[PDB]
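Only one chain is given next, in structure tokens, and it is the form solved without the partner chain.
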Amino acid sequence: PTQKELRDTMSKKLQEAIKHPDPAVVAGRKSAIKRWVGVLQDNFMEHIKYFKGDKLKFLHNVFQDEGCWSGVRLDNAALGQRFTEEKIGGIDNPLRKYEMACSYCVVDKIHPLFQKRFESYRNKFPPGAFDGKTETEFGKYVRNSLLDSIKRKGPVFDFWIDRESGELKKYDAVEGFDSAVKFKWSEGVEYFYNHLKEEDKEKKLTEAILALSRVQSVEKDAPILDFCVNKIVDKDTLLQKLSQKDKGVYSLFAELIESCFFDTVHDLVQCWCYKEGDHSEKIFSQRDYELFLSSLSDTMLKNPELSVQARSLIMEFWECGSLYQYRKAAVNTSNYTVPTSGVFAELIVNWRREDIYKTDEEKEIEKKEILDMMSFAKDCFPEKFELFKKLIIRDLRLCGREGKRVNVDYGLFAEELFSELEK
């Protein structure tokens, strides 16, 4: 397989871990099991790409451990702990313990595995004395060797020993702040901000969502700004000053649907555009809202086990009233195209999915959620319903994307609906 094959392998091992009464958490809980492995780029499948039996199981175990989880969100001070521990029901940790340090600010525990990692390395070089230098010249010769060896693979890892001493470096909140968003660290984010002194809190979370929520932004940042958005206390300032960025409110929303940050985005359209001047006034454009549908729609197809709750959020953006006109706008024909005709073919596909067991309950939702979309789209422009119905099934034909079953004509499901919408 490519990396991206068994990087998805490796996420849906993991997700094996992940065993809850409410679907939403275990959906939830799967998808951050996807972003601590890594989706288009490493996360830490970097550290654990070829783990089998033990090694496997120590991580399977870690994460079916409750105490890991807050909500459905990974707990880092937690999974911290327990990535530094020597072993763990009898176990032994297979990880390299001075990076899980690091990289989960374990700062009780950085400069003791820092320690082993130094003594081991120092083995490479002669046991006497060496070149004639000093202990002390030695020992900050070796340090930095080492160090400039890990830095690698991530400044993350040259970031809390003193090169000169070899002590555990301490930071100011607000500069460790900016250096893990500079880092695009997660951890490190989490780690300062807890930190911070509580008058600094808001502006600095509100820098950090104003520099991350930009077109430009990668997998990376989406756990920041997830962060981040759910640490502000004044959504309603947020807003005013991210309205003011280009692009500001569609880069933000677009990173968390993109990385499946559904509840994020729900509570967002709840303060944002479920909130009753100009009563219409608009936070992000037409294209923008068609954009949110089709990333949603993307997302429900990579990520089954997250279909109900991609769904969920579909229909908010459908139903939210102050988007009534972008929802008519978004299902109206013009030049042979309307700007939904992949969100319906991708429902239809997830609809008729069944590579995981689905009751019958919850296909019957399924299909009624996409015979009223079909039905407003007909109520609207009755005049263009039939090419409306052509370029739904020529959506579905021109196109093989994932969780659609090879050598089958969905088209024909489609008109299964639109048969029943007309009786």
Second form
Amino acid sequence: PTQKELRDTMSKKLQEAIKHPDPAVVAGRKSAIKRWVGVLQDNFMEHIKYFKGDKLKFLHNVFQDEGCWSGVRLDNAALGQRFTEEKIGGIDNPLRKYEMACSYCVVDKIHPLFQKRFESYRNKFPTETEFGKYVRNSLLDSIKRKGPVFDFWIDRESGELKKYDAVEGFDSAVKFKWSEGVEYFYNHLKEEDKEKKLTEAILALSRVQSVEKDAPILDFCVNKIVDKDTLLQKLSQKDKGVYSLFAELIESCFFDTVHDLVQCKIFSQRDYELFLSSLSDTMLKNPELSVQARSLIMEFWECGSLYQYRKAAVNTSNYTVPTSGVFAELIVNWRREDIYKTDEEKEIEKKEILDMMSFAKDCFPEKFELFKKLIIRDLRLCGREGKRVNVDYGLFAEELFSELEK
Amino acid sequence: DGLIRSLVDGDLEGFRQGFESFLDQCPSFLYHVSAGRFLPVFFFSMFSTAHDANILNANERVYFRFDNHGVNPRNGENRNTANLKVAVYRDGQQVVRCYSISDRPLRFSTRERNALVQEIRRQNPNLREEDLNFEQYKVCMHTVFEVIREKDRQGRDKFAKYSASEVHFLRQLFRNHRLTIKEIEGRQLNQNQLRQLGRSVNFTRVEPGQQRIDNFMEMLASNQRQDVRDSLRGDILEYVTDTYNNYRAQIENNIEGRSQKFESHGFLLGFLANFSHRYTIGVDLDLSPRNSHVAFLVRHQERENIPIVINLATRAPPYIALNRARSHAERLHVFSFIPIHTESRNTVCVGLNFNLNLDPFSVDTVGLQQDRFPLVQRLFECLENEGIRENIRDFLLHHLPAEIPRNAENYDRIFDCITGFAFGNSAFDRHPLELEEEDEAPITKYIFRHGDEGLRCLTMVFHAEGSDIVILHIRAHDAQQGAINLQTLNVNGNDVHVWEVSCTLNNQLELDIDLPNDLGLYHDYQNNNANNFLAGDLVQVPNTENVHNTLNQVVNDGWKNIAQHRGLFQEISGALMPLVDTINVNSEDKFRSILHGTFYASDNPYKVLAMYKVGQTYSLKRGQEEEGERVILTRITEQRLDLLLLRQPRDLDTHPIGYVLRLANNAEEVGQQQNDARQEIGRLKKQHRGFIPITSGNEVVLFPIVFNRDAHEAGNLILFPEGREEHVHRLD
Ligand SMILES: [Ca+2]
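Could I see the form solved in complex with the partner chain next, after the form solved without the partner chain?
In what comes next, the whole complex appears, and the chain from above leads the way.
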């Protein structure tokens, strides 16, 4: 199987531990599990890839703990404590504790946990000072294969715990795309410097080269910024700065952060359309969050300032409509049957699609006949997640078009 | 101007240069010009999409037919190859330009002329037959491609007697595939047969759509992965499938056994070629058996473009083809040069099947996977894990050079590459074993020298100090072979287990790894097999930390320092000299694979590539024009680097290092081989366009490396140049 398949399988297994009365919290916490494991890139999957049995149940115990959750986001402080205990719920900790203490900045434990590894490794070998330096370097080079975090804390010349100024640690954490490191050193910055460093990190990561590991850092820094209006104005000065922020947040299911940012000409016409398709793409990737994803779509769709954006998004031209994929994926979600949703929810989804279709007919009535054919061809030519095989989804669009014409 | 534009305007030099530039972009295009109708469908795709790309105007009428070869007169079996007959005529003109395209140095026949005139006069009834003057061109490819304008002929000599399809028809009509052209010309046809022969030859008009594709590559050259994904989902792939279906009849008619695989890829490539003059579109094909992959990168001139990985399936459902595209894209750092040309971490994957009416394609995004496979680590954890054993199998097979055939004639080449690469990886890996129980362990390595001098079997022993022992075997299919004596190992422990992992390269040239067997405790393994010990010596691998230290300086600051390179190979020789009689370096493949695995297993450099094609050279030959005849011949010779080392960009200079290798039988042959290698470096100095997309710098380092199989000391094992410095090649 592919590496992405293995991560998705591990994610679904770990998501079995997410239980809560509010079904919106369950969905939000499940997406947090996916980010922890990793989606397009390995995150913590490297440390858990072989876990089975009680080793999985150990992680289940940590993720069932309410103390490890801050809303729908993971409490990194609590995780660092749990991942460095010897035992939780009667089950021994299957994780390499020095690695976990490095990742979660449990600085009180980094050095003594490393000594135990250093001594056990040294004792297996068949000047006493220069040899110990060689063993220490051999151990650090071995562990760092899993990331720069695993040699960040241990001085190679002395073996002592490295001491960083908060600014240097913050910059290094952003460079490493080290989400937990950003949060740690941010708490040690001067209160005078906090707003500036958050801005620097947001501008640095909001670029066309961004990856999914930038999204947790962008989410953390945005939610700590007090003056979001000045941040957006500065971010709008960078090429694709606002797009990269919104896009990565959307694809990692940080819907609440995007919602607050939208409520508060900063992006182009194409950026607006990519927001819609990214939101609807994520909708099919995470069906338990389709309600929140749809509410973010309708927010972009109902902004008065974006009246021109929404008009051009339904303007059929050159045998294509910019939003033909968005309509297609909304129909796929409306007809999804792999998750449970009441007939009231399915009726609300149908109405959303009908209102958006009526806006396309009202804006360009001479083009609406071609518009209907392009949406049908999109539903018939492109396979998508959550779309049942051997089913003509174009007929689902034709049913909607007939109801609109009555 | 574009390829089709220059070709339609009769600009033969412009087309030749334009097509030479496309062959740079698609370095494997020449390997497939004879696979079915790959080449005819390629040029048909270019013509059938030229109008939508605004290359040809509406008043330029295009007429085409597939002149299918049909029955082979040699043995009577049908062929799936053909010629492409294409003609272009502008409305207010008198010149009709006819193009014959095939993979053999064919002309328009008389009946093809008449059918074409019939079709042209239908579109413009204002013409008399004597108004149409015919210019005849040819494009043929077989390391040589030629563009030809035929002589100005008169009378009936202007056109051939029969097309390829006419010969097939008449051979079927006469029930004798053996008839030659002369024998067929001697037989009489009745009125009905002549009329049938007229119907068998007819051209189809290329009828464009209303959709413009001018700015399609603008969307694929975007630095935003969502832009590349959505443009493929709702625009580009729909156009490609629709255009293919609109001509499905002409493609599927009057041919049996057509290679739907190679014809699908040709059609896709022809679509991309119509943009090769406006963008830099590197295309990496992998059409080897059981592989139908196309990966390409659209650049304006940049290093942040999104790779696109397409899997063209012919009978598999869309989701299956997408998974193969996903699987291929994850290992793209191994299979392709595309990750060399971009720093993008994600790729867009496409599963495509033209033969489907419902969901012919589906798109997804997938992240590039790092190619840092730790062979020794994975060996210890594969003992009870079939999945990791499959990963190990793929690690050895997927690093083979792609241009080495996997047939019975190249068994020894394949076997030398696998053993050499596995040896280089495992013998030079400096890291300890990471144990399951939150622990590490130093690994002492060994290699066994069997008593039989001709036994094709690589045997290695890995002893994790304080942990288990793993014996690794990589045997040939005929390696009929007791137990390996392990008394020299310093083992003090009543809990050490001896494991055995055997790998075999069978007659089918597929790597089969057996079930790892636990041979018992160490002392029990030694108490038993007392009379079962194989003849041979277990040599311990020397310490290799000096290799990694010197290799770190070569890749980075000592990039252009000749002494730094010399010190690297002195350390490599010093590590290999105790093992020369055991590792048995008897081929240039074995020597290259050892260095390949040695560089791979080290943390420096970032990437190491074996047999990396950097480009091609073109030698032109022009015939003097005689009565309107023009002939331009282009001979193509490839340039491959045996090894290429690259640094991780940050300063974006990747410090490219190239090693040209030679194998010497004794110390006297070293001089000839070193001189021979410096000549190959001379030809590599002419290549510039292939070095630009791999680095932001302006220089590349090339060295000649010679292995001496008769060396008695490490100082004479690997020879390094001791005149004017000739290892820095400056790019323009
Ligand atoms: Ca479409």
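Whichever C-alpha set is largest while still superposing within 1.5 Å between the two forms counts as the rigid core. Residue numbers count along the first chain shown, from 1.
> Does residue 139 show a Cα shift reaching 2 Å between the two forms after rigid-core superposition?
Replying inline: For residue 139, whose C-alpha is compared between the two forms after core superposition, the shift is 2 Å or more.
>> At a 2 Å cut-off on C-alpha positions, does residue 22 qualify as shifted between the two forms after fitting the rigid core?
In response: Yes; residue 22 is a residue whose C-alpha shifts (by 2 Å or more) between the two forms when the cores are overlaid.
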